[PDB]
Structure formats: C-alpha cells, structure tokens
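S.K.: Residues per chain, in single letters:
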Amino acid sequence: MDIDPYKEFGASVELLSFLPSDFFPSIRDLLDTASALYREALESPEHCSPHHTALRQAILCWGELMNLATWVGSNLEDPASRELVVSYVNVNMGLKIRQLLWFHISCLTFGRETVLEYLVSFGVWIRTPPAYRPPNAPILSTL
Amino acid sequence: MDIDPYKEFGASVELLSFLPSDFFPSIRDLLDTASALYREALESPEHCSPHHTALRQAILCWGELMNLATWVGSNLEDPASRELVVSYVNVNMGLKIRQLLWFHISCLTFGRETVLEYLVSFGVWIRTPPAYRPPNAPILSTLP
Amino acid sequence: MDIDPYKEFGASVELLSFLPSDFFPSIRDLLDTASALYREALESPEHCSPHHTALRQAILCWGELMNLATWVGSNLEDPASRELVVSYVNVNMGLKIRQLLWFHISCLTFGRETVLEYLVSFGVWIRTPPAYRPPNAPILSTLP
Amino acid sequence: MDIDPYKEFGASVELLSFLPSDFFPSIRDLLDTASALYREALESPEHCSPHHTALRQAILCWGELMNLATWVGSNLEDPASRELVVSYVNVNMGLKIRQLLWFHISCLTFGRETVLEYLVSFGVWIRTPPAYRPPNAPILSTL
Amino acid sequence: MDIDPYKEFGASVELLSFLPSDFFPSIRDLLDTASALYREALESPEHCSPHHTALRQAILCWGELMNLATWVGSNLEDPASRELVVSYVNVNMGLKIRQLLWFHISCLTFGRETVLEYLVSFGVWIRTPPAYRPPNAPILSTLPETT
Amino acid sequence: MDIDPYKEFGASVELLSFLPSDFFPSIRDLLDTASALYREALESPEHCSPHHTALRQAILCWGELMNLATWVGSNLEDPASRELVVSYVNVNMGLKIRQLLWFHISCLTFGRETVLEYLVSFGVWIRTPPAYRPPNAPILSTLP
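Protein chains in written order, with my numbering: chain A, 34 to 176; chain B, 35 to 178; chain C, 35 to 178; chain D, 34 to 176; chain E, 251 to 397; chain F, 35 to 178.
Please note: incorrect hints may appear among the correct ones.
To be verified - When the alpha-carbon atoms are kept at most 30 Å apart in a straight line, the in silico DSSO-like pairs for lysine-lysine are as follows:
no., chain 1, residue 1, chain 2, residue 2
1, D, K40, B, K41
2, C, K130, D, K129
3, E, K257, F, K41
4, E, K346, E, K257
5, A, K129, B, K130
6, E, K257, F, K130
Source of the hints: derived by calculation from the structure; they are not laboratory data.
Put together the whole structure using the sequences plus the hints.
M.R.: The structure is reproduced here in structure tokens:
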C-alpha cells in the first residue's frame, strides 16, 4: 500500500520536496532540539499531540538505523564495502528522517497552520529562477 | 533520550518481553493483515486513532528498510559482505518492527485493553512449567 | 507461634498444598513479572493494598537470601560444603517464597476471589485419575 | 528493583541506620514481645493493621532462617565451615530482622507518629559527638 | 562582595562559630539525613522554602567537590601531591559546607527560631568553664529524653 | 539524591547545555555584573527572590573554589600539579558556575520566562543552517 507520512497532517511528499537538501539541520541537531524542548512530553505515557506520536516513532526509527551502522562497522570483513553502507544510512536514509524530524518539531514549535503556510511560500520562492526572486529565503521564526 | 514506543499506549518493552521473540508473525504476514483490514484508514487524509499514526510510521520504517536492502543488492560487489547486510535487515532489524506491527494491528482489531490483558495472559502461560501448561496457547481471537 | 502467611488473605497452607511443588514458576520468572507489572506501586511511598505490603517483604526476603548466597560464594573455602549451602537457598529455601511470590502477584493481577477459586479448581484437576482428567490444566488467565 | 521496607510507613533505611547495633533486643526477645502482646491479632484472618501484615512476614522470614541454621548444623561434613554460616544467620542476617521486628512492634505499641518522631531525635543525638551531647540516650516509653 | 550564607536566615558566621569545629557530623551523615526526610522536597519541581533552595546548592557544591576529588585520583600521577589535595577537599573544604548542611537541615526539622535559640544556649554552655558546666549539653530534640 | 539546580526555576542542565559551551561570559565578568547590579540586595538580611538565594550560594561556591586554587598555587611542590589542578578548577568547574551565574543574573535582569524563551530561541537559532535564519544572533536587552 502507498502511505505518505504527512497526509494526516495536511501536507504531502510533494509539498516538502521543494525544500533543498541543505535546509534541514543535521540529525544530531534535530535530536538535540527535541530532547531540549519536548522531553517531558515525549517521555510521557500521554498522547499529548498527534505530532508527538509521530515524533516518538521517528526518533526510534533513527535509533535502530544508528544501531545498524554500529553493526556494519563492527563485523564486516573488508573496510571497502562497509564505507558505502554507513555513508548510505547517514546521508541517503538520514535525509528522509531529517524532514520527518523537522516537520514535527516545527509543527509543535510554530504551529501546524504556520508550517503549512510557510511550505507554500517556500515553494513559490524556490520554483522561481534566481534572477526573479528576492535573494534571501523566507524564514519561520514568528516566535 | 531513552524513549519507549509502547509507554504511550499503556504498555512497556518489558511487558512486550513476556511474548517470546519467535512469536510474532512475519512482516509479509503482518503487512497483508494491515492491507486487507485497514487500507482506507491508513491511506486516509486524517488520523483516526493514535494507533493509526504509529502504524503509518511503522510501515514507512520498513519501506525505508526495503529500499536499503534493494540498495545493498544493487551495490556492494563483494558478495560475502552483501549477504551479511541484507540478512541483518530481514532478521535482526525486522524484529523490532515486527513487535511494533503486531502491537498496533492487534490493538486496532481487538482493542487496547484486550491486547494488554493478552500480554499478561501469555505471560502466565509461558511462565508455567511444561508439566502443567496446556497444549494450547492463548490467541487474541476475542471475536467469534 | 504457629503463624500462617495466607490466613490473612482467606487461604491456608493446606489450600496452597493443592498445587504441587513443581508448579510455581522460578523466582527469576516471578520477579520479572513483578518488575514489569508492579514497579511504580512496590516502590510507591504508600501501601496500596495488603498484597503489596506482603509482596515488598517477600522480595526483600529473597534479597536477604541472595546476599547470603553471595557471601557463601565469597567465603567457605572448603568447596564441597559451599555448594551444599548455596543450592539449599536456591532450591529448598527458594520454594517457600516461590509460593509466596506466586500467590501475591496473581492476587494483584486477577484478584483474591479468582485465585482462591483457582486453588480449588486446580485441586479438582490434580485429584482426578489420569484416565479421566483433561490434557490441559487450568490457567489463571481470566483476562482475555 | 529497589524497595526499602519502611517507605510505606514513612521511614527509610537512612532513618533507621543511625540506631546502633546494640539498640535492638535479641531476636528471641523481639519474638517474645510479639507473641505476648499481639498474638490474637497476628494469628488472625483479619488485616488489623499494615504493621500487622509486615510483622507476620518478618516472623516467618526468621522461621525459615532458623530452619536454615538447623539444616547447616545437621548435614555439613566439616565443623569448620558450618560455624561461619550459623554465625552469619544469627548476627549478620539477624540484625536486619531485629530492626524490622523492632520497628513494627514499636509502631503498634507507641504509635507510628511517635516512632518516626523518636527516630529523628535519636538521629540528632547519635550524630552529635560524645563531648557535646547529654550522656543518656532518649527513650521511647511514653506509655 | 562580602557576602554571608547565613545572614539571610537570621544568623551570621560568628553566630555559627559558637559551635566548635569538631561539633558538626560528617558530610555522609548529613547527606543521609537530608535524603531521609527531604527527598521528595529537595527534588521537587518547585521551591518550597529558602532552606530548600539553599540546601539544593549545598549538596550540589559537595557533588562538584567530589567529582573533583575523583578526577584528582584518576589523574595526577605524582603520589606525594595527589593525596594532600584529596585531603584538602575532604576535611578543609567539607567543613564549610558541614555548617551549611547542619544549619539548613535543622531549620527544616525543628524551625528557624528553635535553631537560633539553640545557638545562643549552646553558646552559654560552651563558654562556661568546665568546673561550673552542667554535664548535659543543650540539644535540639523535639522529644524529651524521657519522652 | 539527584538534584537538578535549575529544576525549581523551570529549566534543566539539558536546556542550559543546549547553548554552546563558549557562549557564557567569563566568571570575572559575571561576578562584575553581579557586584554592579545586585550588591545591596545580595548583601541583605532578606531573601527577596529564589534567584538571590541561589546566586549567593553560587558566589560562595566560587569563592571556596578560588580559595582552593590559591591553596594549590601556594603549597604543592610538583609544578605539573599546579598546571593540572588549578586549570581543572577553572576550565571545568568554572563552566558550570558560568552557566549558573549567567542564568541567575539574567533571570534577575530580564525575567525568568524571557531567559527560558531566549534559551530555546538561541538553541534553535544555532542549530539552524545559516542561510535560513535571521543573520544576527539574539540578545536579551532592556533598552527599547
């Protein structure tokens, strides 16, 4: 079956594909801003928010992916083949978990209606050619 | 942060450790149960339950892991180290979503309080010495 | 004084003698059931039930017996008489807390009246001649 | 898991660790004052008190420890190794069952609020050096 | 800043200097006393008293001093100069917080005015010559010695 | 007894480790602004705040640590121990006293909620890639 993870939150993969690769902070920097803002709500028996439920799964999805890269570096025989796998988890599979971590942290920080309104205006900006756009990208921090 | 995937739903990792490792059905058998029973709701544009939201992320977590096992199939021309990676995803990494898929499919079908009471009742069954346990295990089939 | 540990809870030593000796699960299997199900309450600063108060003393009684078996491990340099002591605590002394841990975990999970009725119902089952008893024993799994 | 046996009664192991070893009577003298004061309440099907439930377990804990020392003296081969075990049950494991027997007998005799108020004032007295304390320890017998 | 830890609570350093140096119990004996009676309050998410706010920093002051003495042991390969620093942390720096732990535990247990009247009455007792001094020193027990 | 020094003030060690380590002003500058702004209120027979009660103990803790450093500089014959100990006391304990002094001085100056919001905002600002944040770092300021 075909599930996009954002459709229950009012977005799509097509809406978040306009953000470039160097728009999201690193995965260590998304896990730090969740552990420092919402830790008593993520380590809680309550449901709190639907953005809290999807953020708990995205953290433990990465904790098993960092569990994989520790296994790959420990018990593969040749070092040549193991350097493609750990580079795949951090870069290729790590990019999909950044925008999952970015979307749910920002929907808790700024609001869900603000992030969806920002993703429209960022899509207009990056679809415009660089000669006909303002030089600075729009930012989020309304608060 | 030591975050618990089942504490939100009134369970724990140590309560899910009452069931053995080779008790959960395979991932292909659990994704067909999700397809046949809950496909209009997992593809719905609204979250219907907290179990649906944790189940949509559990399928995409396995979908990311199947793009990985396809990638190690197409790459890593050393053949002896390719089979170490793709069998790790299918066996070792596939287990921790297999408890995650089993817990959320069964809590959508039978309810929260039925699966939590089944987790205790399977705890009594596997604890009993083999001279005094029944030959049948408990099944979640509360429905006729 | 000939004091009865289960008479307070509506049972007796001779009603607990309906179950055989090798029916109760091991002490490591019963302390994990107490850990997974009742750890906020056994470490609570208030007594929640008379079964909690008798269960906190049953765990500390085994905790005193494990400091003893560690002490006979570190001391008693005669090796033939060290193994007589530590196997007595694990097998012989560990049994009378194993009925004590089983009775209070099961009475917190299923209730008093369910375990007392299970003690009678297991009495009928073990009494029946083997030509006419079922191949299944009763389990306390009243919960689905 | 980590349980202290006194926390449900409003005390701790840290509160009762200030009482010295020679503060409690012998285990035969704690079992005599329970069998002579509360025997119709300990040999009873009722719950009576939470101090009664914890006292029933502490008596039968010692009855299995005296069962052990009878076994050790009967069927160990050498007498040299058996004299360390029976001295361990009576002294080392016997000291932990004295303060369990003392705390629950005294909470029934004087009251729970009196024993906790006495354990504070006995802690002030024995933490004071002997040159700056009164020479007599405080006593319990308010009745 | 000529600042004073007890001046806020109605005392002084010199009023705490009535008690001698070898009067306060050891740091292990006040940490066991604090954790016995005040552990849900010293780890509470709110401040309960100015004694609780000042006792949380005094335990944290001792915690930073014990990670220091641990660090001097794992490092500092000269044994002649290592042991005199760990001795300075334990017996010299620990004395200034033993008065801080004793003062704030006792004002939580018996009250501010009871400890402040005890410091005066122990001041009369210790400056009396030993020929005219009574045998039983003052003590801030809430119960009498005969109960 | 595990006590968080900022827990009663609505923060934690994790929220103050959210900012980088070389952000907090030095211990000399923080004691300078404490002695400039709040000296008649820290040398006072009143409490006036929980922040004043914590700031006095922080200043006295740093005074005891500087007495320690003066003592180690006074009498230790090993020159490498004078290189190790008083550099540890500065660069490892002064960072924690820098966070404590900065937190309490800023909470006295700007308010507690403004300092907590500034902690969250500056952490998320540092974490953000530089092309998608405001170009200059935020400060607390009382000047309109």
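S.K.: So, for every hint listed, does it hold in this structure?
M.R.: Hint-by-hint comparison with the structure:
1. D:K40 with B:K41: holds, 26 Å
2. C:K130 with D:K129: holds, 20 Å
3. E:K257 with F:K41: holds, 25 Å
4. E:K346 with E:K257: Holds, because 15 Å separates the two Cα atoms, which is no more than 30 Å.
5. A:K129 with B:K130: Roughly 20 Å between the alpha carbons, so the hint for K129 of chain A and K130 of chain B holds.
6. E:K257 with F:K130: Holds, at roughly 25 Å.
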